[PDB]
Amino acid sequence: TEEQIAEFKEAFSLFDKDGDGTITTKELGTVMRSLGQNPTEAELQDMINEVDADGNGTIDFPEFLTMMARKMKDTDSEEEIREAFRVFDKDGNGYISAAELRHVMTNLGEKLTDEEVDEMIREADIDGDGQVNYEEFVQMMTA
Amino acid sequence: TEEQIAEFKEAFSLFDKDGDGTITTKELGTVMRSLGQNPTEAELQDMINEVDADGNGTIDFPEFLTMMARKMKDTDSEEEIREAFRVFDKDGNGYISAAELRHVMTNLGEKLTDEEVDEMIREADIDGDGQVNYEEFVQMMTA
Amino acid sequence: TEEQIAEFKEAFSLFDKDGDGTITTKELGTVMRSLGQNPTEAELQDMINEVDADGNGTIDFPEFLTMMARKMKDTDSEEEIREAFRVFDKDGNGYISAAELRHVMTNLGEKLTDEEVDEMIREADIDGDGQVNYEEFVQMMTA
Amino acid sequence: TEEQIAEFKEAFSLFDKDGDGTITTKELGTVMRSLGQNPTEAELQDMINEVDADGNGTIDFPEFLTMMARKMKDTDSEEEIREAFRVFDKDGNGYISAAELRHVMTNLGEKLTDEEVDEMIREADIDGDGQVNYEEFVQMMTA
Amino acid sequence: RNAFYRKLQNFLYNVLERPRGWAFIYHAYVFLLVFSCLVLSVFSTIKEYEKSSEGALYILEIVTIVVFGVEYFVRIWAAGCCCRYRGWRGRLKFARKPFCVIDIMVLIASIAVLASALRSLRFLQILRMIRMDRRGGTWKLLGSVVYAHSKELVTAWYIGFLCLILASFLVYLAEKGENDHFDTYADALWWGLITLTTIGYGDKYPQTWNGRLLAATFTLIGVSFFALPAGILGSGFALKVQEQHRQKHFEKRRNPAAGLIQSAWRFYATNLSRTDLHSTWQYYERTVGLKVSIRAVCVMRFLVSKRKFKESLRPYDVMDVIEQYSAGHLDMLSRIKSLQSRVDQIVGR
Amino acid sequence: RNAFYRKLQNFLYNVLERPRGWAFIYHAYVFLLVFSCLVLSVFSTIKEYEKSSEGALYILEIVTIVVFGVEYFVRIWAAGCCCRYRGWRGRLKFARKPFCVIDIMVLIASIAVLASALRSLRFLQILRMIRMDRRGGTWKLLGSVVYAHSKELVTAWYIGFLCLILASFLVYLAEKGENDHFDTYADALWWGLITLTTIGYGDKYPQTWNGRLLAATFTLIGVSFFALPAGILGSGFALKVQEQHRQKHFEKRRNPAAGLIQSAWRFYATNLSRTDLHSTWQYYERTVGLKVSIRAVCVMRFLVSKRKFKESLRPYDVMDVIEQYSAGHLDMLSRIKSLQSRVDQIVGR
Amino acid sequence: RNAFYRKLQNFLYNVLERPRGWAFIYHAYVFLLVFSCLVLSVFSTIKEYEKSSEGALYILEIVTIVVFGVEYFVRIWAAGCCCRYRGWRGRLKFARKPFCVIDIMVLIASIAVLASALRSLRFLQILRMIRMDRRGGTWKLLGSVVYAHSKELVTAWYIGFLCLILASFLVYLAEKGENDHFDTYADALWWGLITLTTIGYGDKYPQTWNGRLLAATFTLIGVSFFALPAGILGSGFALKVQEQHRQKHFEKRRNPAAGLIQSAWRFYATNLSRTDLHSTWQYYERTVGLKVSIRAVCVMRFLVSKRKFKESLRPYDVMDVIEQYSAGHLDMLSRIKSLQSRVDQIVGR
Amino acid sequence: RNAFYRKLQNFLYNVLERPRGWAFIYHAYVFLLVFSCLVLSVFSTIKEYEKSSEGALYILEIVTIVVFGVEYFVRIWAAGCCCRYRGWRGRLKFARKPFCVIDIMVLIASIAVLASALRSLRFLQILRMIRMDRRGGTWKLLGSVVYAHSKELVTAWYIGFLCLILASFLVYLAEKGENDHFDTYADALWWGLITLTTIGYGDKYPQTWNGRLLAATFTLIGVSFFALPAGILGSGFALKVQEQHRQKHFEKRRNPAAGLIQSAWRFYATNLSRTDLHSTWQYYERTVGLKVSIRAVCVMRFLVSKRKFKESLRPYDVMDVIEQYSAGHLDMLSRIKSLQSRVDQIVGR
Ligand SMILES: O=C(Nc1ccc(Cl)nc1)c1ccc(F)cc1
Ligand SMILES: O=C(Nc1ccc(Cl)nc1)c1ccc(F)cc1
Ligand SMILES: O=C(Nc1ccc(Cl)nc1)c1ccc(F)cc1
Ligand SMILES: O=C(Nc1ccc(Cl)nc1)c1ccc(F)cc1
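Protein chains in written order, with the deposited numbering: chain E, 6 to 148; chain G, 6 to 148; chain H, 6 to 148; chain C, 6 to 148; chain D, 70 to 184, 195 to 367, 535 to 595; chain F, 70 to 184, 195 to 367, 535 to 595; chain A, 70 to 184, 195 to 367, 535 to 595; chain B, 70 to 184, 195 to 367, 535 to 595.
To be clear, the hints were calculated from the coordinates, so they are not data collected in a lab. Treat the hints with caution; some may be incorrect.
Within a straight-line C-alpha distance of at most 25 Å, the following computed PhoX-like cross-link-like pairs (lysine-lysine) qualify [unchecked claim]:
#1 D/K583 to H/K116
#2 D/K230 to D/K319
#3 A/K327 to D/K556
#4 F/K283 to F/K219
#5 A/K255 to A/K219
#6 D/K552 to E/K31
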């Protein structure tokens, strides 16, 4: 919509530090540092490659809007998401203890906090037993 | 018996430094350091896992009594013990020189002293020839 | 020709720092350093082995003239050159973007400058589309 | 002979620094250091194992005399020696350039000098062409 | 109830779908029934056991189609257990699955026989036999290994095939006149073919001293050549299974999986579909168009997480070996260069 | 005497049990006797050598059962050579070994024949033949490799089997009318089966130009398919033997074995069953409920030694490879980070 | 036009030359035509289908030779698409290619048949069949693996062959008198040969109890021995394909390729054939007989680049493994020795 | 002359001994002659070509024994070309070589025939055929791989063998009465044996519907089982050749070889047999019972060089891999601990 495009344009200028119609990796570094995170040149470059389709090295507003307008159902992440959960589903049943899901999710790599993972358990562990029916959740979200 | 349980309770409080009904890894570190040994967090944690059956991370008195009340015959260590001796039985006959058994036992990893290994030779090398009939010994002990 | 041999003799004395009728590795090191490059003993020794046929360790004028009088067509480098271009021809068609050819050629190992690679594109990218018809170029040169 | 045994006894006391009827590794270290070489504990221990047959850790005079009274023909080193020369006989013919034999022998590991390797060429390169007929030499010596 | 009703539908769905060990055995028993029906038809072909035939085969066939439609309806009604199919339209598109499509078609034709025919009957039993593997992963596996070995396979067949022709030609000249067996060149074609194939009917064979002489030579060649592709494909399977077990040993993708899902849920929280969710909303506001900032930041980050996960999904045994191999060496290089730089910074002090 | 009596009992026990090279040859000779008896029974089947038969077979069979019970009593009486069986009750439970159980049962039945019968006789000789492998490790090994290769094996059989059916069907149509051989579909079933199996009885075979045409094609397919599983299992064995030799190359568990036994004897000394033992008691009192302190400390430590040993019991070739691989790299990482930290601590000076 | 004319000539040249997937299929269809012509000749051999034969085979053969010369002229005229052949003389030397030479020879002979003959005809069809593989890489591949396995192959054949002879000898003694089958020693030669080859004609076979007895033993030996070389070559192919894929995994030669080409173009610029080119001339004059200095410097450097590239062209999997393996270890050694030297330089401060 | 005379003797000695490529071809031609003589004897067996036989075989045989003794005398007289044999006594002990011994024995017996006989003649030709491999390395190689695969091999044969027996038993019951083929149990023994061996004479085979039914099952089992050992040994060879080529890739023993030879020549110089040699004598006197000091020092050092060389003679691919693997990791450990110690020594400053 025009509202979404104009609002993405305002956020783009926020991210578009140099204002060249694209987002450069150095914009990305300084913006993430402003948010507190220290993104490496490889990370910001990977972000560009994710967003950049023309392959210019700087994220123009078209690529940003294309990325933003997509949804989890608009991601084709169903097989991917259930693959991940099955990797973290050691027994293969379709459930893993939400405790362990917190223990790895909130405690692996770009880990999250206890509150975010708790809401993850609420939205994921559909019956709320700790054993998240991860394929049901990935279906409800990725679809 | 009530005597064994009460005596294990007294020793448990000795080990139960914090007195939470379980033995925490830090209790284990400080107790072993008191005995002179410096147990790492992984070692004390492994000790808990050996003793801890409920999986709390701290050795309660139930797990301690379950571990203590077991005997070598209550260990099912026969195949394990004879496997070890066969690894240290290069020729496979069922005998190894008690000298070499001292040389590795008292001189490998958590090694022991000459006196302990000498008593090991006495109780192990049944005929007292230096060649410990290790399966006879593992049978007499592990049974 | 006598002109080429006498001119190669003058350049040989230029390279023949010690004047022993051969070029020693230390001559090579100091000469390359004079040109700005720092050639290792292994590199200068490899240069000798390339030029040195008798295997003395020092490049006499005969070996230098034999090397110099050879041409790319006098190199048998056709299969070699097209092998290289095919390695740098990922799709196998017989063309690679002259941009990428600059990106690797002028930016790999003993890399060159933008102007040299631009003339490379001019002489190589026969139709001048960026996609150098590398086998046509290697044929026109290596032949 | 009695002369050889008494002379080996005098040299043994020279090597037998502690005079325990055997040569200890520390005797070996200090003796080799006296000759200029710095033998490690592993090297001197290997020397004992070579000489020591009873396995005491110190070279008694019996083991020393047994080692000394042996000759190259008393070594069974024919297959071993020709194996070595064939390893250093790249072409397998039975000859290698005495230059290269100097280059590796006098320049590999416990290398020797040019004069020793020159006498090696004289005794080895039977026809004196530089190409040592190494199996003829190993036969003349190892036999 | 209705909730547990749906959960049973979905569970039973993957029950009918890939089962782990238990329902796999169940479908096995299914195969037992169908295969037995086949064999009974086999005996049906002979008239000497006809009267002892129709009852079992007839009624059992009926039972078979019964359970066929049974599992079919379970499949179809449990089609909403996935995400796409639901209500009536999506699951309809599920019916658009050509497997399901032709399955139902043959299903009703099987119904049609309820009222030359037996020949089609046999063919039907074949087709239902093909039904055994639903996903047909067998075929994919085979074609995989075959195309992997295309060149050497073809060179094997081609070469030995030539050996066939030359052998037959020479033998034809050697025994065509002498032996009736070998009268036309096509004769020796047939003979040499079955010869090098180690079949050995024996209805024809050389009797000329000259023939047998040349034959034995060509035997020692041809038989080996034709047995080649068997052993080739065999060892190929054994290897590929080993390496598949090896990558089963090495996945390592837990890290990209976590970061993938993390950025994913970051999007889901930032996803304005649920603003009542605030744990990640509060996280983004506390970790600092601020809404689109948090959202778009997660979109870009989570997108790179998508690619980093997918790329990380396939780290291979010697692949990881050499990458960390070069890595560790080059790492050590950077480490030692930093060591030289650090000490030499101290050198100027 | 009595002590040496017992030691001989135990030694001879494992003599009858797994021998290294010597008694293995002895039991081999045992197998020689039994197998020969089989073959003699084989000739016993014919009446043209009957009179030259009964004496040898009869008396030899008697001898066989003699040595049977001989080794049996040696087994049973040497059952106390282990730990469990002893006196009369434990060794009785040893008799509860179903191998020993049915062995004795068949033993007495063999006695029963001392006084249709010959048919059971043959069957008996079979069963005694099964007796050859006591532990039956053969079967475990095979089933191991098979289940390891379950998928590809099944896909092989299934696919080629389908090829069988289709081939037979087409040939049936091609030559059923023309050739008597192929009259019923079951006929071609039998024929095509033995065809693709490279057996080639030859009693039936095509004679229609059309049949032979299509056949040769299907031959080139089917024969390869059926030979697949042979080569597959073969190479599987060869590999697995190589890797088994590799782990024979790599055990490394001496360290956990030592610490295991060390903590073990620590328990045994701390074990109040023997307080006269003081070397480890003096050790514990000198290395400082003090009794239960030393004991329980050893129990906890020795228990972790149990698990550390058992876990360490199975370090595998590429397993150890990658673990120390990642380890060495990450180690270097910690080492270099410590190097940076150390130099940079010096930087502030 | 003329330029695009030439470019089409060159492109179509490698079209006729190695195509990637598309023209490969085209030449496949070519093979389809030729092979079919073969088979039709096969049916031509019989008189019972003669009248239904000549038209198709005759006209189709004509068509075949048509497309033969077609592709031939495309080949020859596209011979200048390389570097050597050009104008009329170089491409003439291209005609000196013995493949092209004998191709044209047989070509005209095929023309000769336009006006015993059929026997030569069949032979012709064989030869044209050999034409299938132009480069014949098949043969090179096979001979590669064979010579790689020369020793074990020969020991296999030789040993089992001896088994053949001994078997035949003993059987000859056993059944020569009793059975007509086996009358001369050459008889049993033939029989045992086809026996151990798993062919099993069955025209002759033992009937002496004594013969069959000894046979089965020798069977269990011989059959295995003769099947050896099949499985050997098979697994050999499977391995070598795996390792070839592995080196396909590892090339690494991009660096020497770049430096090679770089020094190459350095020569080309320094190459006085083109002095109007100045980018590398200006480079050499700005990077400082100055002309021969820049030229000869490039010649020496580019020559070492030639050897460094060629040597780098073949880095192998375990080759690179152990070289960097020793390298990294020895590197670490130099690194740590530098670390000791650096710290100990600081020790004297 | 005499010197060159001896050198020719020694060179020709290893000529007759292992030749590289050239004389290998020569002995090949030798084999050609002997083998041909065999085949001619083969035709000698038949009377229909007798008159066309004796001349060639007779004279050629004569020629054969001629070259036999020729190479024999070359062998014997070139026996001093080694070290042991010399003059008359040592080379006599060379004649004590049982190969040489029985060679000469059969040699003279071949002479004996110069003046039932033909049967021994054939046997002679066999034996001379065995002469082909002098060192017999073939047999060693085979037995190597076999004993390497003892267990799985035996389990293969044993298991399938049992399958044989059970199959034959059931078939015997099924068709013994119905079919004459199968009358005695030994009959079905023979049949099932050749059945599962894929030979398929076809003289006997089931005709009972019940028999064929059970058969096909047992076929699918037995045929695979018996083909097992073929493929097993095949892939075994292919592997072992690969690994042998791998160790051909990795020797590394040049260092211990050099130090070995160095200490060796140190002994030889110190060896008082040659005191006129002074380069190493001067070396020992200049590198400082001084004579026995230099000698005994070299003896001890050179002896450790002997063991270090021999031990270093067998560094294996994964052996060296893991040793330097653990080594490099533990090395890094010592290196980093030294790094910590060095920096922390600086910390107290
Ligand atoms: O299962 C059936 N057909 C089929 C075929 C192939 C595949 Cl792959 N799947 C399914 C089927 C069910 C009911 C019926 F009456 C007739 C046939
Ligand atoms: O050995 C015997 N049966 C048996 C069978 C299978 C296995 Cl695995 N072990 C033993 C046996 C001994 C004496 C006798 F009279 C009859 C039979
Ligand atoms: O292709 C032909 N011969 C050939 C044979 C082998 C190879 Cl390898 N290449 C080519 C051919 C073309 C035209 C014609 F009339 C007759 C024969
Ligand atoms: O070569 C001969 N026998 C032989 C056999 C086996 C081996 Cl392994 N080596 C040699 C031989 C030479 C002359 C002769 F008259 C008869 C026989």
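We went through each hint and held it up to the structure:
1. D/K583 to H/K116: With a Cα-Cα distance of about 22 Å, the restraint between D/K583 and H/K116 holds, given a limit of 25 Å.
2. D/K230 to D/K319: holds (18 Å)
3. A/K327 to D/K556: holds (23 Å)
4. F/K283 to F/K219: violated (40 Å)
5. A/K255 to A/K219: violated (46 Å)
6. D/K552 to E/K31: Given that 25 Å is the threshold and the Cα spacing comes to 22 Å, the pair holds.
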